[PDB]
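J.: Each chain, written out:
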Amino acid sequence: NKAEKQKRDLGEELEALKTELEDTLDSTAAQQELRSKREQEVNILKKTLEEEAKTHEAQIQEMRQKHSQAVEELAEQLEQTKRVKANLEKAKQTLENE
Amino acid sequence: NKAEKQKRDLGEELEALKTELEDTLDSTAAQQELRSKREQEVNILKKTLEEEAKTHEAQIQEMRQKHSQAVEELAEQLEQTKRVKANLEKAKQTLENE
Amino acid sequence: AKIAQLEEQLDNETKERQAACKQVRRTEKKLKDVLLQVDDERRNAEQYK
Amino acid sequence: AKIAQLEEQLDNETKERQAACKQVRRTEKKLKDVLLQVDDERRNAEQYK
Numbered sequence: 005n006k007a008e009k010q011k012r013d014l015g016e017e018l019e020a021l022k023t024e025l026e027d028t029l030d031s032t033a034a035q036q037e038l039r040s041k042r043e044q045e046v047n048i049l050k051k052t053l054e055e056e057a058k059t060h061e062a063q064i065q066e067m068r069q070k071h072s073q074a075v076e077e078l079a080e081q082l083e084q085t086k087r088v089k090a091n092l093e094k095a096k097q098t099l100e101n102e
Numbered sequence: 005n006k007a008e009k010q011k012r013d014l015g016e017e018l019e020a021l022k023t024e025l026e027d028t029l030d031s032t033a034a035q036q037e038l039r040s041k042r043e044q045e046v047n048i049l050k051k052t053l054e055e056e057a058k059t060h061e062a063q064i065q066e067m068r069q070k071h072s073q074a075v076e077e078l079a080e081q082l083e084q085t086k087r088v089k090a091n092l093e094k095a096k097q098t099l100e101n102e
Numbered sequence: 111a112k113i114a115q116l117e118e119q120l121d122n123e124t125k126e127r128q129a130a131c132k133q134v135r136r137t138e139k140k141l142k143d144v145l146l147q148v149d150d151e152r153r154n155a156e157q158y159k
Numbered sequence: 111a112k113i114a115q116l117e118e119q120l121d122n123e124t125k126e127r128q129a130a131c132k133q134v135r136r137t138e139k140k141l142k143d144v145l146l147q148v149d150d151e152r153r154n155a156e157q158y159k
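Residue numbers (the working numbering), protein chains in the order written: chain D, 5 to 102; chain A, 5 to 102; chain F, 111 to 159; chain E, 111 to 159.
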């Protein structure tokens, strides 16, 4: 899926480069605002990317705690079931001993 | 394999346009330095984002195996207790009859 | 006696299948290596075009 | 009972050995096509070169 999405990005970059080349005549005077605007947009993208990476770390922590809680709950049930099995086995020994 | 082949073919289109414009890149050294640095920064972001996504994705894969193995180990012991309960139930009916 | 001859045939037939599987996996690796050469050959023709 | 299980296992092993037989020819046929495909790509690069 990432390869298919990457193919669209490569094709879009080729079309953008072709249109940007023809706009070289107007880029000489438009760089005064595009430089400050493009730089600000890059900073906004970095903040969004950092937030996405931070959100993934928080989700991983929840999964580690959720998965660990499930294993911990199952472990407690094993101890209770194992302890109950000892009572059943001990009760059977009483019948055989009697 | 076909997707990777198409990616390499698409990349050749960008190199073809760059070679045809190399004659003008030298004359435009006043702004080519700043534009060239921006292109390298975009490539580093893709590699860092791809490496971060691949590294983060590996963490989820480990959880699907480490946590699953723990649940499978605990589940195996639980199933063993259920089978032992069936055998113990038959002993009670036989011991009570004797 | 039939079980003895049948068990021996199963082991011999099973061993033959394992040998064929090894040759299949071996030829697959060679095909993948030769398949990669197509990209290198096509890349040269593409770069020359 | 042992003859029934042994006969079923022996029959299944021989079928996977038509399975292994046809699989070997499939990989060999595909390998030959890859060898000729890379050869055609090599000639294409020479023509463009």
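Bear in mind the hints are in silico, worked out from the structure with no lab data behind them. Backbone N, C-alpha and C fix where the C-beta goes; we use that ideal spot for every residue, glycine too. One or more hints might be untrue.
Derived coverage of chain D by chain A (criterion: at least 3 residues anywhere in the stretch with Cβ under 8 angstroms from a Cβ of chain A; other residues may be distant) [unchecked claim]: (1) 11-20; (2) 65-72; (3) 79-87.
Pulled a few chain E residues facing chain F out of the computed Cβ check, cut under 7 angstroms [as the list claims (entries may be wrong)]: (4) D143; (5) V144; (6) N154.
J.: Next, verify each hint and record whether it holds.
T.: Do the hints match the structure? See the list:
{"no.": "1", "hint": "11-20", "result": "holds (count 5)"}
{"no.": "2", "hint": "65-72", "result": "holds (count 4)"}
{"no.": "3", "hint": "79-87", "result": "holds (count 5)"}
{"no.": "4", "hint": "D143", "result": "9 angstroms, violated"}
{"no.": "5", "hint": "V144", "result": "5 angstroms, holds"}
{"no.": "6", "hint": "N154", "result": "4 angstroms, holds"}
Hint check: a violation occurs at hint 4 only; the rest are consistent with the structure.
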